[PDB]
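Engineer: The lines below spell out each chain.
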Amino acid sequence: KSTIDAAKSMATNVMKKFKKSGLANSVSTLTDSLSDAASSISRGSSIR
Amino acid sequence: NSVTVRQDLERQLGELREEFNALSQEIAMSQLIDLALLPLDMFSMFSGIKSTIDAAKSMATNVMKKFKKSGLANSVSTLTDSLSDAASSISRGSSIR
Amino acid sequence: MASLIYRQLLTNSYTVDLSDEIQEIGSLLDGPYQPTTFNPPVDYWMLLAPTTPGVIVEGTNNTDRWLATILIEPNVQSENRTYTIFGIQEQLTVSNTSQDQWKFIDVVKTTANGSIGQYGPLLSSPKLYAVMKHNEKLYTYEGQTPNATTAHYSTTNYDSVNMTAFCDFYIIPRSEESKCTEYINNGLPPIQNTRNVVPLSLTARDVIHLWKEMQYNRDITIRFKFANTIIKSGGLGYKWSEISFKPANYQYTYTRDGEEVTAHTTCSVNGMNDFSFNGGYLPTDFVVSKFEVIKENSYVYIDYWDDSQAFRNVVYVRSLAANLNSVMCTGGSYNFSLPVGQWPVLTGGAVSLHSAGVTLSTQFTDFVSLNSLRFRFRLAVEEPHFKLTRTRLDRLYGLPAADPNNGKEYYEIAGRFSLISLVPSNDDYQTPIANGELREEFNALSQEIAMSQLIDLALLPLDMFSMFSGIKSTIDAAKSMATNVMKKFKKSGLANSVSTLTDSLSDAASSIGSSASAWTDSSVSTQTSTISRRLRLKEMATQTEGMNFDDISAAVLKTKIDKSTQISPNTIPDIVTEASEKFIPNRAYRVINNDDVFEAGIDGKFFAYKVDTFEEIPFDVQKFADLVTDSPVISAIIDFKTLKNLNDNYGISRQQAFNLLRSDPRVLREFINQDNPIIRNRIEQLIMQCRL
Amino acid sequence: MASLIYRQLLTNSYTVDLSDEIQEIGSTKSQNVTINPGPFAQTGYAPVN
Amino acid sequence: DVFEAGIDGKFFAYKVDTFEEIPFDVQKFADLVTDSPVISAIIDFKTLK
Numbered sequence: 535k536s537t538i539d540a541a542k543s544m545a546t547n548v549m550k551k552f553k554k555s556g557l558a559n560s561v562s563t564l565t566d567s568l569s570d571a572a573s574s575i576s577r578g579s580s581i582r
Numbered sequence: 486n487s488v489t490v491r492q493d494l495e496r497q498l499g500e501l502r503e504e505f506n507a508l509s510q511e512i513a514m515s516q517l518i519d520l521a522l523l524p525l526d527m528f529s530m531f532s533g534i535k536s537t538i539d540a541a542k543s544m545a546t547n548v549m550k551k552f553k554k555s556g557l558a559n560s561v562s563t564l565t566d567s568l569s570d571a572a573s574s575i576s577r578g579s580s581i582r
Numbered sequence: 001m002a003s004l005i006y007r008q009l010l011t012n013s014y015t016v017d018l019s020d021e022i023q024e025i026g027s064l065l066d067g068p069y070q071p072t073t074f075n076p077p078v079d080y081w082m083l084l085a086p087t088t089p090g091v092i093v094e095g096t097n098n099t100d101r102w103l104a105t106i107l108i109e110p111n112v113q114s115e116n117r118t119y120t121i122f123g124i125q126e127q128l129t130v131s132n133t134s135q136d137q138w139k140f141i142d143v144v145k146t147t148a149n150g151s152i153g154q155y156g157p158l159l160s161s162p163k164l165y166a167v168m169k170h171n172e173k174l175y176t177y178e179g180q181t182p183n184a185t186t187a188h189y190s191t192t193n194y195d196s197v198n199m200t201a202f203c204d205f206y207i208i209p210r211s212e213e214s215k216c217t218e219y220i221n222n223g224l225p226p227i228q229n230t231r232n233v234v235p236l237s238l239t240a241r242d243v244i245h261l262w263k264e265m266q267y268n269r270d271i272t273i274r275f276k277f278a279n280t281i282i283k284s285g286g287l288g289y290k291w292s293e294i295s296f297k298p299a300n301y302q303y304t305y306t307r308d309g310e311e312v313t314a315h316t317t318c319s320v321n322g323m324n325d326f327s328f329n330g331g332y333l334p335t336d337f338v339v340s341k342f343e344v345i346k347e348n349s350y351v352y353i354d355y356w357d358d359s360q361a362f363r364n365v366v367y368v369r370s371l372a373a374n375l376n377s378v379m380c381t382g383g384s385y386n387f388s389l390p391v392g393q394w395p396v397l398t399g400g401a402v403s404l405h406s407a408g409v410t411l412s413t414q415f416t417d418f419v420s421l422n423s424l425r426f427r428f429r430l431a432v433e434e435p436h437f438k439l440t441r442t443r444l445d446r447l448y449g450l451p452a453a454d455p456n457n458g459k460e461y462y463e464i465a466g467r468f469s470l471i472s473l474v475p476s477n478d479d480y481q482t483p484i485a486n499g500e501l502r503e504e505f506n507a508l509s510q511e512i513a514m515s516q517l518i519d520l521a522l523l524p525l526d527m528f529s530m531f532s533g534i535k536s537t538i539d540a541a542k543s544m545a546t547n548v549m550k551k552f553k554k555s556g557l558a559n560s561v562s563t564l565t566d567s568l569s570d571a572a573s583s584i585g586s587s588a589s590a591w592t593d606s607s608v609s610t611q612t613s614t615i616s617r618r619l620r621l622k623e624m625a626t627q628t629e630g631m632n633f634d635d636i637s638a639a640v641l642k643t644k645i646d647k648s649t650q651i652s653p654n655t656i657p658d659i660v661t662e663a664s665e666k667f668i669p670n671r672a673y674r675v676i677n678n679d680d681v682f683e684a685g686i687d688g689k690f691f692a693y694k695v696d697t698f699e700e701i702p703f704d705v706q707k708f709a710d711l712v713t714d715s716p717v718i719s720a721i722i723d724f725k726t727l728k729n730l731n732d733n734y735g736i737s738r739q740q741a742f743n744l745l746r747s748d749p750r751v752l753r754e755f756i757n758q759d760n761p762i763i764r765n766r767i768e769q770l771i772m773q774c775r776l
Numbered sequence: 001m002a003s004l005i006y007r008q009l010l011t012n013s014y015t016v017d018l019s020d021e022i023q024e025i026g027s028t029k030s031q032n033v034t035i036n037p038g039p040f041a042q043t044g045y046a047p048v049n
Numbered sequence: 680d681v682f683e684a685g686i687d688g689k690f691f692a693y694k695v696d697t698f699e700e701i702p703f704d705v706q707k708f709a710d711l712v713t714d715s716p717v718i719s720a721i722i723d724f725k726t727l728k
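Going down the list, the sequences are from chains A, B, C, D and E. Quick note on UniProt numbering: the first sequence kicks off at 535 and runs consecutively. Quick note on UniProt numbering: the second sequence kicks off at 486 and runs consecutively. So the third sequence is residues 1 to 27, 64 to 245, 261 to 486, 499 to 573, 583 to 593, 606 to 776, counted in UniProt numbering. Quick note on UniProt numbering: the fourth sequence kicks off at 1 and runs consecutively. Quick note on UniProt numbering: the fifth sequence kicks off at 680 and runs consecutively.
Any given hint could turn out to be false.
To be verified - Away from chain C, derived, C-beta distances all over 12 Å, residues of chain E: (1) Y693; (2) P716; (3) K725.
What the hints assert, rightly or not - Derived DSSO-like pairs: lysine-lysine, alpha-carbon spacing no greater than 30 Å straight-line: (4) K550/B - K553/A; (5) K553/C - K542/A; (6) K551/C - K29/D.
Calculated from the structure, these hints are not laboratory results. Ideal Cβ placement from N, Cα and C applies to all residues, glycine included.
The task is simple: from the sequences and hints, build the whole structure.
Structural biologist: Have a look at this one:
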């Protein structure tokens, strides 16, 4: 609504804190778990 | 204020290929299929990479700089160019059947 | 599908802001110049920057008042100093409390030979002065830094004021006022921001400057120098103020297998360090304010120009690369001049230079403008020690800005540079060595494109890479090609339509359908036409099945871009913006509900029919509005006229018709292969409409 | 699904030039760095003849 | 009818309900591959059979 002067960095600024909160951490942990499961050979069938 | 330390070098690409080829056995099947099911992206690719230091340059862009000169990019470019030339009413040559 | 190119175009457009920010950083000072006489026009400012004590600048009237400027260094208490004001010597009282910032004072004579006073208190670390003359009043800087104002006076003969300076000054128009304060209150601006980098002769007109590729792979032998600026502070020579690096010039000759090539080079340094050797607070002791030394976080630039068959084709560059070989530079002794006792001596200091970039540059010698090559050099610290004896300064590395010449009058750099230039070759001969109607042409070219290949291309989606990967580009302009088209696209008609739809949808969270919704807001014809015009925006909602109109528009745009040659890189955004909107005003949409089909046209057509035998069905606007809100929508490439003519004149099976209502590419292309005149007519009528 | 990354690598390809637009500008208008001397007296001997 | 072809230089045609082979024709494959959606078959013809 503000409709203010020449282009700002609103998208970048909001992304800066959107990539630090819990969503990014959760997706990182999910990817790490999937990678470790794909690498799960030194223990056989071990993932609970 | 010390003389710059000589920057370290990189493991030989031949040794890299040998190591990657030797790593074949240590891969599971069903878990790999399920991981392939999950979509990835630039943020999900380097979660275990780009260790948190105040000197990184978002290595995704470093990959992008080296990815436009690979075979895939040129193949896509020439395929699109051939499609455009065909759509541009090209007088086909005799050897073009 | 191929429509995705539109969706991405408005998606990443936000990135332009970042580039725009950089653009505002890149959005320019004219100077410096030799101290001479001239008439700087009105609406122009004077950004003076002296360093040596003396009479700074004076504006002569010979009928009106006398204006004089005196610069006073710190570390001088209440004493009397002599200057040369207008050629007549005069004494002035000076009293300074600041220790690291110099001070300017204005001297005003009420007439040509009036009384003498001292006023206009200015304190600044970069030692910068601003004077303006506009609208029947003279402006001069007044007020303590950083934020200040302008003193205003009104004295006759404004436009005839000719101010003779004795330092380096910049001339700036009014619009860069926000720049000026930012370039006055925030330290000495970097030299690379200047237009005429070398302080040589002044010009008020300097301008920054089907084909065939030409390759030039030659060799260079660059010989370059450095330049020091030394000033002595107040007192009796017991202390100095600034020993800094300044741009230098060198013109020489060499051999290149026969040719006496004349190479003109200019040097500059940026991002230097300033070591502070702060002496005792007593008035009589060796004190140095700033010692400028070069370290790892500082760079040196060299601008290289020479006549050659390679350098005469540089105005348009396709590719550029550097393969220089590093060269070491070592400094020499620099002995100070202390009147009493043993003067300090600087020794040591050595660095190395390596190449990490190259681009175009501007250089002038007397009145000849040049298109030079700027080579960027990174620096490295080395083994030799650098110390200041007779004091406590020891164990530092770098290279001082005192005597880097080291006796040698040139530093040699030998390497090979390869560049590719674009030359206008209207044929395959007569290649030069030295350096609207497009609307009609685009509209006329749009009658000969094939159809099957068009459909094939519309099947394969595009992206931000395939759009410009088939068109040749100049490396200087290819940097900002996606950025400009996205900036122009974010101000397109489709952008306004999507913004209005989003605003209306959000406002709706506070007609002709069943209830209130953001899509239900010859009378039947007009209402249906409005509904269709609003529904056109559904093509950005990814809620379509099969091919769509925007895919065909993108495909024809790509084909005509590839075929055309009369379009400049500055012209692509306008063509894309106009084509994304004006293309195909006659759009048709159809929706399916319980074996019934309703179709509406933008032009005012509306029909309804069944899928079994294509029987005409009376039109019900209410159910159409009820269902089109949230349901699959398919672009009606095959509308009811073509479908009925096909079902009558040709014996098609049920699968073909059902896929046609879904616009399946396979059956449509099969019909194209069969070369049915009705489908050819429909496709050709659709294609002919694609024009600006 | 995952193959998107490759389709993503082309997607932002143009941005690599943007990266150059950083460095090609970053080195040009690089700003001076100031050094802070230790808050202790430095000068010793007076001018000795 | 399902037409499966590879890069090594071998091709096959068969039927969906029952797994037995039918003669192959180049024309139909060339027409289909132009517009028809291609499926990345992890389990190839040999393994499926």
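Engineer: For every hint, state whether the structure bears it out.
Structural biologist: Comparing the hints with the structure gives:
1. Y693: holds, 20 Å
2. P716: Since the minimum Cβ distance to chain C is about 9 Å, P716/E lies within 12 Å and the statement is violated.
3. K725: holds, 28 Å
4. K550/B - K553/A: holds, 24 Å
5. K553/C - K542/A: Between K553/C and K542/A the Cα gap is close to 15 Å, so the pair holds against 30 Å.
6. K551/C - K29/D: Holds, because 28 Å separates the two Cα atoms, which is no more than 30 Å.
In the structure shown, a violation is registered for the earlier hint numbered 2 alone.
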